[PDB]
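J.: Residue strings, one per chain:
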Amino acid sequence: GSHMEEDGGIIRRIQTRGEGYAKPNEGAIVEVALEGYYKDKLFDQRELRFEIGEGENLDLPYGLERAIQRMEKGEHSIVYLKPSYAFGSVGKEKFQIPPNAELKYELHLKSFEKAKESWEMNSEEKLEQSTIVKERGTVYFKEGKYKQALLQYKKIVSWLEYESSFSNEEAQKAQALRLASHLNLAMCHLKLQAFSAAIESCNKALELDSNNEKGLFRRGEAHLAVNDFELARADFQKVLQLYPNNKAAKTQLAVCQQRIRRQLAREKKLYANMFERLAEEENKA
Amino acid sequence: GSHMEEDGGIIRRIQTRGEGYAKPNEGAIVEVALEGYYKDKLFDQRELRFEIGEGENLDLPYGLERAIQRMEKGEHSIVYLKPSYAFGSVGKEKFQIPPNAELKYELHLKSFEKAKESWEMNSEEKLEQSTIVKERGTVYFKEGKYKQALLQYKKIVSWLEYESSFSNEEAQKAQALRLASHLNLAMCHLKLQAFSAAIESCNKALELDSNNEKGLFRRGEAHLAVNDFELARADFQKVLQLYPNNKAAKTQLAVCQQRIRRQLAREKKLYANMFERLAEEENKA
Amino acid sequence: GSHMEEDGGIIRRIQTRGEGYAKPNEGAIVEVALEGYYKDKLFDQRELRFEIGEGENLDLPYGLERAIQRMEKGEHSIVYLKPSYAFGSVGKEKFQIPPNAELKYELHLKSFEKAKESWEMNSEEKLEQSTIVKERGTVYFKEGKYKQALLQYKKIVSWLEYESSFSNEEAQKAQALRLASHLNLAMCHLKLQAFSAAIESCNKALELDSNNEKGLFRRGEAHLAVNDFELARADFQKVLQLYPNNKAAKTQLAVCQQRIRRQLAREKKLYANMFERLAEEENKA
Amino acid sequence: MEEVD
Amino acid sequence: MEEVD
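Protein chains in written order, with the authors' numbering: chain B, 1 to 4, 145 to 425; chain C, 1 to 4, 145 to 425; chain A, 1 to 4, 145 to 425; chain G, 1 to 5; chain H, 1 to 5.
By construction, these hints were calculated from the structure, which means they are not laboratory data. For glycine and all other residues, C-beta sits at the position ideal for the given N, C-alpha and C. There could be a bad hint or two in this list.
What the hints assert, rightly or not - Think about it this way: if two alpha-carbon atoms lie no more than 20 Å apart in a straight line, the pair counts; the simulated SDA-like pairs of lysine to any residue are:
#1 B:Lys-390 <-> C:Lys-256
#2 C:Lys-285 <-> C:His-216
#3 B:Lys-424 <-> A:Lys-390
#4 C:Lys-256 <-> A:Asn-413
#5 A:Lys-287 <-> C:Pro-223
#6 C:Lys-294 <-> C:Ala-311
#7 A:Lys-232 <-> C:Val-230
#8 B:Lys-390 <-> A:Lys-424
#9 A:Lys-250 <-> A:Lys-387
#10 A:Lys-409 <-> C:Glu-212
#11 B:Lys-294 <-> B:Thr-156
#12 A:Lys-234 <-> C:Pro-238
#13 A:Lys-179 <-> A:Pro-238
#14 A:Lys-285 <-> A:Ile-272
To be verified - Computed footprint of chain B on chain C, listed as stretches where at least three residues anywhere in the stretch have a Cβ under 8 Å from a Cβ of chain B:
#15 304-314
#16 363-374
#17 377-385
#18 411-421
Extracted from the complex, chain B is given alone in its bound form:
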C-alpha cells in the first residue's frame, strides 16, 4: 500500500525538503548529488546522471537507488543504509568497506524524469519507446558496458510482450523489434560469458526467425563456448547450409570436428582398455 517490509533498512531524514510532488519510478533517468560516508569518512562524492536500475554498475548501493525512488524533485535528504542494503557481505574494496557495514548518504535529487510503464503507453509509443532504447543499448554495447546494455534491451522485450493490440502493420514492426532485441541480448551475454543465457536468447530469437544467421550463429558459439561440440556442430553446420559464404561458420565448424575426433579417439581408447581389463578379470578361474 506504500508500507515498508524492509523494516528500517533504508531511512531518510529530509533536510531542505525540495519542490514537492514528483518521485521517479525505476527505469527513470535521474540527476543526483552524492556524498557517502563510512563510519563517517567521505568516500564518494559526485553528480551522477544515471538510470534507476544501473547504480550497481556505478558503485552505488542497492538501498541507495531504492531510496531515490522515494524522493522529490530538487529535494535534498540524507539516507542511512543498514549493512544488508549498503554493500552487504562483500563491502566495497574500491572504498575499503568491510562485509556487513552501515552507511551514510547525503543526496540531492536535482532533476529526473519518470520512465513509461507498459500501461502508460499506447501501441505507437511502445514501438517508439522500444526503438529509442534499442539505440541506447547498442551505444552501451560498443561503449563496452555489457551489463548496462542487457538492461536496455530487456525493456524492449518486456514492453512488446502482453501488448498484443497491434494492427498487423504494427505487429510486423513489434516482432521485428523483439527479434533484434533477442539477437542483441544473446550478443551481450556472450560478452559476459553467460552462455546459458546466450543460448536462451538465441532460441527466443529463432522462434521469430527459425533461419536467422546471427541467431543460429551466436548460439552455435555459446555451445562450443561450453565445450558442447555436437550441438555447436549442428548450428554451424546448419548455418552454412543457409549461409555458405559465412566465414566463422566455416572456421568454427572445422574446430568442432577437431574436438569431436580427439573425443571419440579418447573414448575408443578408453573402451578398449575397459575391455582388456574385464577380460583379464574373467580369466581368473
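Go by the hints and put chains C, A, G and H onto chain B.
T.: Quick look at chains C, A, G and H alone, frame taken from chain B:
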C-alpha cells in the same frame, strides 16, 4: 554397478531361472504373464505386451517394471513390492489398494525385444528408428492414449538431440522429424489439458519452423485455454496473416477480441470507481 | 513442563477419577480397556495389554499412546484425537477410517508397570533388565513379531550405551549383552527386508567381535540381498576362512561367484560393442 | 537361547 | 556499424 540400494523395495524370488544373456531394458517391448496380490487376494491377472516405461498407463507399479528389467528370457519369479514402489501414497481404487500398501506379483517374462540405446544407432538407423516411433505415436494418439503417445514422440526428440554426424540430407530429414515431434507433443498436451507444456512444445517447434501453422495455431490454443487472451490474440492474428483461409484462426481471433473487450470494460468501471472514492476521501480535512 | 501444546490434537475428559500417584511412561507394560469410535461408529472394542510405544503394531493411533501416558491408576476417560494424531493421512483400512479423520476413545487404565529409566537403575540392575528385555525380544521374534522385537533389543543398546561404572566383571558381562543385542537386531532387520539397517547392526556388533560368525554372516546376507555381490563375496569368503565347516557360507559364496561372473560377462560384451560402434563412427571422415 | 542355523 | 548478412 547400479545395484539395488533401494533397500529391499523390490526383491525377486526367482522361481524358475530362465535362459539368460541379455534382458529387458528401458523402453523395450516385453511379452509378459503376471498376476498381483494385495495382501493375498488376486486383484490382477493377465498376459500382455507392453513397453517398459509405459507401465503406469496399464495399471502397473513403478516397481514392477524395474523388476522386469532384471529378468532374464524365460525367467519365472515372484516380486515383492514395498509400499512405495507399488501404488505408494496414491493407491489404486480400481483394484482396491489403500494408499500405503505392499504388493506381490508372480511374473513370467516370456519374451522381449530389447530397445536400442542411442549409441547403438548410426545416422541411418536413428532416422529410421525415429520414424517408426513416430508411427507408434500416432496409433497411441488415435486411440486416445495420450500419455503413451508422449513417450513415443519424446524418444525422437531424444535420440536426435546430440546426434551430429548427420549430413544436410540427413541433417534436415532429422529436423523435419524433430519439428514433427514437437508439434505432436504439443498436440498431446492440449489433449491432456497440460497447457503449460503445450506452449513449451510449440516454442520448441517454432524454433525450427518460425512460420509453422500448427505450431502457432496450437500455441494460440494453449494461451486461450489458460485465459491469456492478449497472447492467444497475437498468435491467431499471426496465423491469419500467414494463412488467411484458416478455419479456427479467424473463429477464435474473435473470441479473444470478445473476452478482451469485456475485460477492458470491466476494468474501466473499476478504475472509474477507484478514482471516485479517492476523490470523496480527499474531501476530509 | 506441561508440554501438551499439540493444540488440543489430543484431549481427554476424566469420566471417572481414580487413585493414582504416578503415570505410565515410555515402554511401560500397560493393561487397558479400549473403546474408540469414528463419527460415532464403533470400530475398536477390546482390553489390550501392551508396552507403550508398541501401539503402532496393534492398530492404535499414535495419539492414543501419549494420552494413556497421562492417566491415573484405575482411571477412566475419553480421548478426542484430531486427524493428525490418529491414522491421519494414511487413514486405516480393516477399520476403514478415511484419511484426515478424527476419533473418539473411551479408555480405562487398569494397572501398569512403568519402564525404568536409565538413571533409575545401577550397574547390576541395568544388566538384569537388559536380560528381562532380551528374553522378551526373543519371544516376540520366534513369534514373528519382528518390529516389536526391535523395540526390545534396542532398549538394551540404550541402557548400556553410556554408563561405564562397570566392574571388569560387569564390563564384559554387559559387553556380551550389547553384542547379543546388535546381532539380534541385524536378525530382525533381515526379516524386515531392512538391509541397510541389517548391515549397520552387524557393524556395531563386529566392532565388538570382528570375528563373529553370525555378524560376519548376516552382513553377507544383507549385501547379497541388495545385489552387493562383491561386498557379499567378501563376507562369505571371510566366514569360510574363520569357519570352514559353515553350511550357508559356502553355498552363498557360490551364488556370488555365479552372479558375479555372469555380471562380468554382461558388462564385457557391452564395452566390446560400444567399442565397435565408436570405430565405425570414427571411420566417418 | 539363539539357535535356528 | 554491424555485420554483413
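J.: Compare the structure with each hint and give your call.
T.: Now the hints, each set against the structure:
no. : hint                    : in the structure
1   : B:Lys-390 <-> C:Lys-256 : 34 Å, violated
2   : C:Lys-285 <-> C:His-216 : 30 Å, violated
3   : B:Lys-424 <-> A:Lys-390 : 19 Å, holds
4   : C:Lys-256 <-> A:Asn-413 : 12 Å, holds
5   : A:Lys-287 <-> C:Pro-223 : 17 Å, holds
6   : C:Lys-294 <-> C:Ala-311 : 19 Å, holds
7   : A:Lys-232 <-> C:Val-230 : 14 Å, holds
8   : B:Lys-390 <-> A:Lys-424 : 19 Å, holds
9   : A:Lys-250 <-> A:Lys-387 : 50 Å, violated
10  : A:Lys-409 <-> C:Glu-212 : 16 Å, holds
11  : B:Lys-294 <-> B:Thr-156 : 37 Å, violated
12  : A:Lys-234 <-> C:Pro-238 : 10 Å, holds
13  : A:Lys-179 <-> A:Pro-238 : 11 Å, holds
14  : A:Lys-285 <-> A:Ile-272 : 17 Å, holds
15  : 304-314                 : holds (count 5)
16  : 363-374                 : holds (count 4)
17  : 377-385                 : holds (count 3)
18  : 411-421                 : violated (count 0)
In this structure, the hints that do not hold are numbers 1, 2, 9, 11 and 18, in rising order.
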